[PDB]
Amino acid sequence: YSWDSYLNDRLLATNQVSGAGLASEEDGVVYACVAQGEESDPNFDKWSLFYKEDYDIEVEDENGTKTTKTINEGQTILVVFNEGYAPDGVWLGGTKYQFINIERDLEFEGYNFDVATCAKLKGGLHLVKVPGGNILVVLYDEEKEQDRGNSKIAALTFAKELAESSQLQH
């Protein structure tokens, strides 16, 4: 597909998320995305929310020790599903999110899902493994009448649609 159409009609049309993308499970790199930017900003760059090439960050531990870490953003998404923790945080689009929770085999209306949630200032994201070996990335923005609970139901509802038609395979 051109996944943009689909993401917009099925997910962004809800008004419950600020953005949505698909990542490959192989590298965790978002390859299709939409952002509610629209009003909003018309020269708004949706990719700015979802993609950023490898960069170094400076970290200071409690000791006062300063190190550099090279952030590969996709990898920070894979570590949460692969290991169940985030040694560096989850980074997306240059923004740091805090890993709050992972729920494996969460039951949503007939289907099971691995779903992770991370937080930023006045927002966050949900990550859901969906078929085709994809990760669904959903953003929410508390300044836009969105919240963590409703964006997650919205992410799960979209994942269920994908899981259902993935089972028409003929």
Given for the second form:
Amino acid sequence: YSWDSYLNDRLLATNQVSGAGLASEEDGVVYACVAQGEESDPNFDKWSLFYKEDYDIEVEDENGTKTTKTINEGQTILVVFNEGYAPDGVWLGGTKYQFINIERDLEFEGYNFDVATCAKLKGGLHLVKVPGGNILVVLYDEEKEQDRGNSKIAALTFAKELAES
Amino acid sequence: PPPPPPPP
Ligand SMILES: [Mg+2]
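Structure of the form deposited with the partner chain bound, given the form deposited without the partner chain:
Full assembly next; the chain just shown is listed first.
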């Protein structure tokens, strides 16, 4: 019995999300995760969706100036909650997401949550600050007929469940 | 250290 069991039974089971993880608000790094897939399938790699140790990317600005940036993925989650913007976007598992929206103290059936949403090609993610100094990360994949709104409700339901514990 | 999962 672990966080995996809990994430799987309470959230992955909804079929509304392609993956879900929990990160500490201390560093924004995912410490537990689950993903849709046929474990095992020798070859599913849930962690590649949720984690990548620091890496440099090359960036070119509109002046054609090329620089190199070190991405710390955890910091890109924290910056959105801490500052209300993402200077470099939100990066998770080596994938860049566009920061689309944040709501603070969004009310969901008697419980209030800070919720951020980010988008990528045919999918996206939600970040929800949840009890016990944690951040929930939920992924959705529009190729799977999951959607932005339904995945958010799934995440919110799970968060409420946590709050209720 | 991660927290313990909630009871089922
Ligand atoms: Mg930038």
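Positions refer to the first chain, counted from 1. Rigid core here is just the name for the largest C-alpha set that superposes within 1.5 Å across the two forms.
Which of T67, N112, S40, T70 has its C-alpha displaced by 2 Å or more between these two forms after core superposition? So the only displaced C-alpha belongs to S40.
Mind pulling the C-alpha shift for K122 between these two forms, with the rigid core superposed, in Å? Superposing on the rigid core gives a C-alpha shift of 0.3 Å for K122.
C-alpha positional change at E145 between these two forms - rigid core reference, Å: C-alpha displacement of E145 between these two forms: 1.1 Å.
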